[PDB]
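J.: Read off the chains here:
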Amino acid sequence: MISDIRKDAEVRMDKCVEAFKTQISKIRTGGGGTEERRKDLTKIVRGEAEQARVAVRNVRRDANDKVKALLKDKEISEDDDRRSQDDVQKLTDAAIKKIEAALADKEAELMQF
Amino acid sequence: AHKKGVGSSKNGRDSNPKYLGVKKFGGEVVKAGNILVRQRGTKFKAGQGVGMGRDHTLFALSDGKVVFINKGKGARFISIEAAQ
RNA sequence: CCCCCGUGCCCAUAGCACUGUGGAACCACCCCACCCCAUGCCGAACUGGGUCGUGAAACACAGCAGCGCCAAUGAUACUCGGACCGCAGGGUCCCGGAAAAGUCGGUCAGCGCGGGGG
RNA sequence: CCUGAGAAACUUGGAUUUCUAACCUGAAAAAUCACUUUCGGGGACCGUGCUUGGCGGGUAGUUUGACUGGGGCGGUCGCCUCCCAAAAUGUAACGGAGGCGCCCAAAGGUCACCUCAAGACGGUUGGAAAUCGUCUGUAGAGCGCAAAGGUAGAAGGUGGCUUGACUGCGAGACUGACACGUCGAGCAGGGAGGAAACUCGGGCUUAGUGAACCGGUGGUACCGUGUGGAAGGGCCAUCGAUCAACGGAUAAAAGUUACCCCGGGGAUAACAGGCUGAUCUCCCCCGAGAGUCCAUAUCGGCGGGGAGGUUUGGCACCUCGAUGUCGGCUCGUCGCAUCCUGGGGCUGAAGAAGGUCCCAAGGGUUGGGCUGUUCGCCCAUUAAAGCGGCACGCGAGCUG
RNA sequence: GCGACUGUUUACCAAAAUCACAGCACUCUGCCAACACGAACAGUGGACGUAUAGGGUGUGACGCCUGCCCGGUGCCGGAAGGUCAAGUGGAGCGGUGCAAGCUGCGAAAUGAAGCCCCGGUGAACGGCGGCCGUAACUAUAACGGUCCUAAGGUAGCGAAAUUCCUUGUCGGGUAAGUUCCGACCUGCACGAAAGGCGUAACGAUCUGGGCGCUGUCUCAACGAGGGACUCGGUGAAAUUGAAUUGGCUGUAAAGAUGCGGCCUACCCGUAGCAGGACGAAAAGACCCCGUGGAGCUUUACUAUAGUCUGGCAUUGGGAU
RNA sequence: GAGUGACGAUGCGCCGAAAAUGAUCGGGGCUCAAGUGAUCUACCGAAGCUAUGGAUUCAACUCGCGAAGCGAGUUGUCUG
RNA sequence: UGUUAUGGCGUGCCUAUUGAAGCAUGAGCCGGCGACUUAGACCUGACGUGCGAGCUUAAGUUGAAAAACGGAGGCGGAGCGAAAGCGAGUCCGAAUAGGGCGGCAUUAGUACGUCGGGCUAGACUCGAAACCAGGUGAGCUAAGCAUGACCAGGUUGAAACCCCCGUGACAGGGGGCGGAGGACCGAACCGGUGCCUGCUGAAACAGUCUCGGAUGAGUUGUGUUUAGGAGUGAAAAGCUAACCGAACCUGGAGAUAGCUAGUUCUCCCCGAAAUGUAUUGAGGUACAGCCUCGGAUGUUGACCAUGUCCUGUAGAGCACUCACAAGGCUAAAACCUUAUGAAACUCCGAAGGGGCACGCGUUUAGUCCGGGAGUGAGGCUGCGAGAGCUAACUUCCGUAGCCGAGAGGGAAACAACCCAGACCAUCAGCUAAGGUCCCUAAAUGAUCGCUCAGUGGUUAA
RNA sequence: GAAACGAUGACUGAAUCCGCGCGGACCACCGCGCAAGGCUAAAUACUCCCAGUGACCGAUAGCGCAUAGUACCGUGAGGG
RNA sequence: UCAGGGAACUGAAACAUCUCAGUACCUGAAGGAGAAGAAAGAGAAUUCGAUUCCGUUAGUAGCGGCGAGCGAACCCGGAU
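Line by line, the protein sequences are chains L and A. Our numbering numbers the first residue of the first sequence as 23 and each following residue consecutively. Our numbering numbers the first residue of the second sequence as 13 and each following residue consecutively.
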């Protein structure tokens, strides 16, 4: 059954990450950096990362209840609870790992000029 | 109640005691009513002085000597040579 | 000496397939069929009563090594057992046993009883 | 006799209601009971005694299976098929695939009879399949359902009659540890189908199953506690269990314990060790390609060969009549895959500040905020502010 | 932050965010009360009380408050109807004997409370979701279909400790804050009498910051007194296979003083340190086992105290 | 300018090779090999086999006594 | 002899275990005490005696001195059936098929004894947690009740009370005054916060120093009542005479104890198992397997040969089945050429193996009846497979050897491996493994070369 | 359980000479015996106390004690 | 000894049934002994004859989640 939730989790997750990763490019007007006008712009970037974190947590606090309250109806025993956790972590941690990595490059451009 | 199943699919456990095989071989002095070879299909057909049971059980129709005969696969008859 | 008819053993080193020789005796077709008996429907089969003609066709004998089928010297696989190797995967040495396949070759039969004919 | 009235006999059942010397209950003189007494008040209800069904964890007594590469959740436990093998038999694993808890008023019995899959050429309300026909055809189809054996002289496809899908039996064998279980020639009684020899005691075989007890219902007239019956009992037959945790405690049984207790275990877990090393760490080989040019200055796809054992873990072997568990503080110390220094090579190295790889552990490697942290972020520095061992070094040292 | 407050407790590990409270609420009881102790129609406590009195439950200064859902459960109420106990009572089946007569089986109607069935009752148990979708300055809140059913959160609050997901995201104080205070809201799993939110005063309560001072610290140093040390006097313990009881590297049931090999080492103390003796101390208080045990719970099994109930009595007499 | 250059197969060996209390093939040492492939011989070396002595278990064969029984020789055992 | 120096070799006992010196259990040492019995006219058997048909029970008599009689009962003395019942036969059944028994190799035995064992009782010995009955006390702490006791000092400043303000007046504000308080500070007293000490204490719970309450729901004395599966409980399952989720004491039994530990004199013989099946079973036990003892038998065992039958691991291979390598070719399946894989493919297919009769070099077991057992997870190793990186001194089958219960030599050390299975004694000899420079014995022996790494002393692309 | 008889707690409530109880559901029959009134060593049971014997002990045995239910623990039961 | 009241481990390898048991403990009464004692009895070859006790009958007939396991009485010898 984990092979079913894994997809539904990765698809929806990567679908968002791939989306925001493209939206952040719409913020960059050109060069970025015109006398002090560099940090104030970063404020807009903070929103992209903030909304990203939540989006990655939603799927975790949504797909989990779909299985937790499912294995209680006499269908799936234990030993799968933690198994499902380590499954969403490899997706959540990986996502955040890409976000911070992406922002590291974006910030290097918005401050470059 | 649920919406999945009472048990996990894909099994592979739980076997069965088998058997069959040959009881009496060539050069055996059996008696009337002695099981020769057990089977389920038709590996060894009945010969002269031999009968066939329900589940194909070649038994001794009379006292004699168990002898096997083969013509090269296909069918193997088992005749019994009576003594005296 | 031959040949035909049945019925056996044998159960493809006897099978199929190219072609031929055969109908006098035997053999089949064919002819007819109210009813015995008979077809999911037809008497093609089964079957009753029976010529000539015929023997492409079913059969019967015969030749030809196309294909099937059988198929050994040597030799390798494996290997009981005996003695070892490499971290291991796995591998070898000695004494016997020792097949698949493929090579040569060999065939399309061989052995009876019975009844009918020259 | 048949209907209705009228009656001081009685008069069962029974609803109301009424009264009351029982009974209950209150003031007074010797206000616990008892005399009595005006009484009054309730009431023959209540309460009490026996009994019926109910509600009943308030209390009592118990149950809550097992396997289980620790327990638990889960899954799985009876039967037959293959496969798994040390090659007849047999044989383990929460080892690899699949079926049963039927079905058949007749695919059964007997006797007659019919040459299947599938392709091909040629025709039909057909242009995939079938159907009709003709060639081919070691049968490649079929056999109710699982697989296998069996695989055509048929069990395979049809028809008539039929219903042995029988009672009384079994020489002698298969199999089992026990109890079951399977197969069976021949006997008899009486029958069925062929003309006959004959076949026939369910179904091509293998699953379609359950001891024993307790009781239902037909047959039989063995007991029947003085004799004679009868009640009840016995034997034939057969029915009932989803006893499915299926060789099966009771007629009938779930949880929790961090309030926990006893008997035991390192034939079973967490710490640590150990074996291991998939995962981790790191070294090396190949050169896709980036790197202007160029594969190796640096970086090295795809794939590979080893190393160390500090990580997840697997196995769980000393240790559960006791190997104290994280971290810090204290004390340290050892290895190198060397963070800083020290010498070197190559650079895509001008200098300068670097990179990288090589050699090299003498010695050194700061102070704080947050954090319980190891770890990590940040502050301010520095030659630098290394990684890992040492029972994740150090509690008979401390903290807690 | 928690609770209002003073007050109480886990005599020998926890005094508190416990409990308790004043205050609010639901309910019960008018009788020899509910209720409770009792072998007892004995006695007594409730009360020499008597209903804004008495028991029960929960909740808990005071303030603004106290939403939607009774389907299921329990609670009161109803009531022609469906099932039932003992018993009354009528046809029947059978046994024995000659017969009178004598004995088993079982029976329509009728037979109490309860059960179903209807209503209500949530400051009674309690409930306030699952499947897919996201766009809208500033202002509160999230929609729309598909649903077992009875519903499916109105105010207020929202990382407090309730928010698993990182330190969630801006903000505040700091040189630097995985903390703490404001906010956002995505509340994995807030929330209304298992009460919400708030609140001055109090708390040996918990949390964070600042002021001041300081050997808590950077580093300690010194002084003192009580041991410790020395001699005279008295003289115990846990422990204890036995012992002339090294070091390394290797083995062995995989952590050796005792095995192997190598190396080190005169014999005996006294202070003293704690690495080892898997050092002591409790047959590990964690796990697994034993159809071992025990408390507790419950819509698990079953009696049963108790309490409801028809009949039978101590319980008769009159009128319809 | 009486010699060279390219591989293919094997016997031996070098690099690759980094561990934590001090190191080592058991150690010392060993190439004037005490390393290793093949060849032979001698010796060594178990409580195995052997020798001299003995005891025990089972059998049969000469015994003595009227008997249970004892002791005697023989083979094996004596399995540890 | 006592003692000793030097050499060699030399891992406590025990229990428990696959494996023990073990850093696993047990134990200071000695001493003595300390564990497989007793019983029933019990069952079943081995040895033995007495009869051979065998024998008494209770009791009755002698009653310094002893044994007898007692012949109720009990065991033999056919069986078969469910039973009626019939019988050197009886049930199944109206059949002559079988089961039970008789005859046949013919015991019928019985009673007493000793000894193995079984059953029932404490029933090898030691140990529970717990259960029940009765009883003990609130001189414990929990509380009620009756009656008394106590609270240095200081601070604060309530209502109420006189009076007063611009103002009819009613709510306020001020000064005086009063003394309220689950008020404040605080000693005693009460209770315990925080640190340190103490931790074989001074002490079975405390000291110093802090801290809390200190007219109060306060502290306290005396007397006194509730009880211990019940009381009490400003509620922790707290307390109820110092370990109370059910006191304590005595009895019910020395409860049960399938779990643990221990079980005492010697020698000789044999010699196990850790398998299979069933199990509310999985360390437990039943049946068999395996052991031994004895009675019958007395070569049937055992390996080795020979012929005879059955399998279809290994291999192979294509024309079957599932996948599969390149082209052809066709409107892709098929068919062709070349080429393949395969536990669950197979037309082929061995080794070895298995049943049988048969015998010799052989050989000396085999079996039947019956007594008493233990073991009932087993460990490693090569081989043959599953699991699992064909990873574990991993696990689960098969198989052989060892261990387990076998030492001795060898592999330095080392259950597993190699050589070998130890009756006793020998300052005696030949070997196996393995070695022969020195630490221990034995060629620092020969010949031909390989080496030069010090390889030989954990690895590969 | 077909399960009689006895035995009562609640209810009921015979006969009393051609009577009643019993005899294992019940009936017939045959058979056996008379309750609801009472008393009775003995042969039985035990062992504080005595006397005798003992393949019983002999002072960590035998009762707990060769002289104590004392010393001592306990509030106490009790233990000893 | 009699009477009134009357367990639970434990057994069934659980367990409510039964078992342990009408044992233990408590209580009431009495004595040297008691309980019981002269048959509406057992029971049956139409037998015997107050009560108790011993042996046997019989670990039979029978009871039983008919599992565990419990388990008479008449007749027959005898104390009397």
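A hint or two may mislead.
[As the list claims (entries may be wrong)] Calculated cross-link-like contacts (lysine to any residue; reagent style SDA-like; alpha-carbon spacing at most 20 Å): (1) L:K37 - L:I121; (2) L:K96 - A:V18; (3) L:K43 - L:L63; (4) A:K43 - A:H68; (5) A:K16 - L:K43; (6) A:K30 - A:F89; (7) L:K94 - A:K15; (8) A:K15 - L:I27; (9) L:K90 - A:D67.
Quick caveat, the hints were computed from the structure, so don't treat them as lab data.
J.: Taking 20 Å as the top limit, are the C-alpha atoms of A:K16 and L:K43 close enough?
T.: violated (38 Å)
J.: Sort out whether L:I121 lies within 20 Å of L:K37, counting only the CA atoms.
T.: Distance ~14 Å between L:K37 and L:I121 Cα, so the pair holds.
J.: Measure nothing beyond the straight line between the CA atoms of A:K15 and L:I27; if it is 20 Å or shorter, mark the hint as holding.
T.: Holds. A:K15 to L:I27 sits at ~16 Å (cutoff 20 Å).
J.: Would the pair L:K90 and A:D67 pass a check requiring their Cα atoms to be no farther apart than 20 Å?
T.: violated (55 Å)
J.: Would you mind confirming whether the straight-line C-alpha gap from L:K94 to A:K15 stays at or under 20 Å?
T.: holds (11 Å)
J.: Against the 20 Å threshold, does the CA-CA distance of L:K43 and L:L63 hold or violate the hint?
T.: Between L:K43 and L:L63 the Cα gap is close to 17 Å, so the pair holds against 20 Å.
J.: Can the restraint linking A:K43 and A:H68 be considered satisfied, given a maximum Cα separation of 20 Å?
T.: The given pair, whose Cα atoms are some 19 Å apart, holds under the 20 Å limit.
J.: Run the distance test for A:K30 versus A:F89: straight-line Cα separation, threshold 20 Å.
T.: violated (24 Å)
J.: Just to be careful, I want the Cα atoms of L:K96 and A:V18 compared with a cutoff of 20 Å; is the pair within it?
T.: Answer holds: L:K96 to A:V18 is near 8 Å, not above 20 Å.
Hints 5, 6 and 9 from the list above are not met by this structure, while the remaining hints are.
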